[PDB]
Every structure is written in structure tokens, then in C-alpha cells.
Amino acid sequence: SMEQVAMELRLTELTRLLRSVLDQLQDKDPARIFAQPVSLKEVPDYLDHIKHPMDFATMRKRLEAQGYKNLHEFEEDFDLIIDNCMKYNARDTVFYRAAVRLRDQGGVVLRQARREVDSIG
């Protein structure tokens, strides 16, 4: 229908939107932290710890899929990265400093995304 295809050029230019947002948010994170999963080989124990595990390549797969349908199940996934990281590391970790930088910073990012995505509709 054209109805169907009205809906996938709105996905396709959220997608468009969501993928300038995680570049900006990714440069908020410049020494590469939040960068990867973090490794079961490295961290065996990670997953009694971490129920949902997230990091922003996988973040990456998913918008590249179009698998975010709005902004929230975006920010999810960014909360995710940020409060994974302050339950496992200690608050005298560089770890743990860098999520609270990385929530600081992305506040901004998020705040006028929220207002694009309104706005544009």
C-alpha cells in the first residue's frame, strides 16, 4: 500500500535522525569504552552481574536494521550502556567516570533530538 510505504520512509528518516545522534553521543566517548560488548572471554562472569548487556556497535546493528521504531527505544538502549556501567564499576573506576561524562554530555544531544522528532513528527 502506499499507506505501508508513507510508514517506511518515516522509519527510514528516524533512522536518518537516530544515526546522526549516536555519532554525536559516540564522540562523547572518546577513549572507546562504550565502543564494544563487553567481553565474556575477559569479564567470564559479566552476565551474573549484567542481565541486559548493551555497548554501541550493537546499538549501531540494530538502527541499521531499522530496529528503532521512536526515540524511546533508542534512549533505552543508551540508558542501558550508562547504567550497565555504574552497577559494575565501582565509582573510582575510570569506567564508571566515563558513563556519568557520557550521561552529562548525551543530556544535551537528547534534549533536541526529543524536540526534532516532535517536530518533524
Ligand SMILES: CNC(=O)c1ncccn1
Given for the second form:
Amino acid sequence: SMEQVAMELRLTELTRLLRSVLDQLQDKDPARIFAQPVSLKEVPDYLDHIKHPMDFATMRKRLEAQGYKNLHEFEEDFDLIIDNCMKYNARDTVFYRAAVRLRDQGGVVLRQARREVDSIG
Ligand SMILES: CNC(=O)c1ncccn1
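Could I have the structure of this protein in the form deposited with the named molecule bound, to go alongside the form solved without the named molecule above?
Full complex below, order starting with the chain above.
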């Protein structure tokens, strides 16, 4: 089908845009607090607290598998990273504060990407 090629051309390009977004969001985490899954060896009880772990590396694997259908799905993973962190860690920790900063700073990027995805369909 010629239509499913053109579809795959869009999905491919959504992936292209989202990858740039991912890189921008991640740049706002220079301490690499959110780069890899929370270690279940280092935090054995983590899954008793957080039912849906998320991290930048895991987002990237999905991204490269063209597993994101739209910006919303991508944004919901980004929010997971932040919301998980602000639940698991108390307010006055370096982790919680890094989440707040990433949330605020990533907000600009996500406001851009929403408009640009709407524009170019
Ligand atoms: C987002 N990272 C965390 O929440 C974390 N919490 C405790 C130890 C290591 N990492």
C-alpha cells in the first residue's frame, strides 16, 4: 500500500522530531539523575512505591522502535519521570529539586513541540 508508506514516512518524521525533543529535555538534566532506570539493586523496594518506572534511556528505546504514536504518548512518559521522582523523593532532596527544575525547563520545549507538531501535522 502506498498510503501505508506515506504513513510510515510521517511516523518516521514524528520520530525525527521527537528525538530532537528528547535530546533537548535530557540536556536539562546535566546531572543525569533521570538517564537510566532507578536501580532495583540500589533501591530494592522501588517497585513497591512506583508502579510505572520511567527514564530517559527507556524513552529512547521506545522512540527508536517508533513506539510513540503522537506527542501526547511521549509527554506522558516525560511526566512519569517527573511525577515518579516527586513522589518517591521528599521535597528537600536533590532528586526532588532536579525534577522540579526539569519540569519547569522542559515546559518551554514541550510548548514549542506541541505547536510545531500541530503545524506540520
Ligand atoms: C530519579 N532517581 C531517583 O529517584 C533515585 N532515588 C534514590 C536513589 C537513586 N535514584
